[PDB]
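Quick setup: one chain, the form solved without this ligand, written in structure tokens, and binding and motion questions come after.
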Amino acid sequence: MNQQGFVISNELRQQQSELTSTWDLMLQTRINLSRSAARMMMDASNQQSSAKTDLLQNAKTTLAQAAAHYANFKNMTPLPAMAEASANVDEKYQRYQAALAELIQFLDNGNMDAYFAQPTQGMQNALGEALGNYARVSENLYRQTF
């Protein structure tokens, strides 16, 4: 306030919002993937040999949304303290965006056998850490403005 500090401030909420809707969708997608893996049941009749009909629709769509939310935060500026914070969440986002995008080539193309090979879990816990680090440091810029 007294210029400076407001647009700087709204830009920090703007970033810690859609990093949050970047993440949330990446957790929704890892539900909606398993919703198919397990719904490839000893039923087989409801002839969707793997395929979309409802829950793979939802796990390519829910992901595409994550990937759009991230863009409005990474085409947005690292307020300089945010250098090794953003620069980590990108590397992270690029580990776990990919790990998901493979479970689709797996789950529309029947391939369970590879679907359970990769630590989808390790690639998420590690991003849960980076995410935390950007919050613990973003707050620390602001645990200076109050």
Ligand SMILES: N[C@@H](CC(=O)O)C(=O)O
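Numbering follows the first chain given and starts at 1. Take the two forms, superpose them, and find the largest set of C-alpha atoms that agree within 1.5 Å; that set is the rigid core. First, how it differs from the form solved in complex with this ligand.
Residue showing a CA shift of 2 Å or more between these two forms (rigid core superposed; candidates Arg35, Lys60, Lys52, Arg95): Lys52. Relative to the superposed rigid core, the position of the CA of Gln121 differs between these two forms by less than 2 Å.
When two forms of a protein are overlaid on their rigid core, residues whose CA moves 2 Å or more are considered shifted, and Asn133 is not one of them between these two forms. Once both forms are overlaid on the rigid core, the distance between the two CA positions of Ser17 between these two forms is under 2 angstroms.
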Contents of the next structure:
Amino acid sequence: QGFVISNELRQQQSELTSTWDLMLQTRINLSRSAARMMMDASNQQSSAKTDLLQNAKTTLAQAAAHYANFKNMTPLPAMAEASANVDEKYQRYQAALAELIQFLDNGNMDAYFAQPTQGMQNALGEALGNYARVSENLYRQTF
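Having seen the form solved without this ligand, please provide the structure of the form solved in complex with this ligand.
This part shows the chain on its own.
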């Protein structure tokens, strides 16, 4: 520990980082799945793969595993605002990604491309970037 339980803040950032990266690979997988889905316009797309969609399911499960860990460890009262905003945000992005797997799972390319996914993602990154600031800024104080 030390700097306001430095190790703690170090572990939470590790969990959030892995959760974040894992949600990004989930989106990559969906996308690679979608691009390969041959059912568009004047083109046969590419090697029809649903394994990639299955992968998406797995990575989202893994990201959910890490967040579950971030949520069950020594919660600091000062990080209460930052942590909740991280929750307004994670639940929305995780639900966005699942609306997507559900669309690719039923051939609903109507809804898949139309979903404003990037906005949901940015909002989480903002929340995550904010958690990082709070954990250091004026939080590195007292030692």
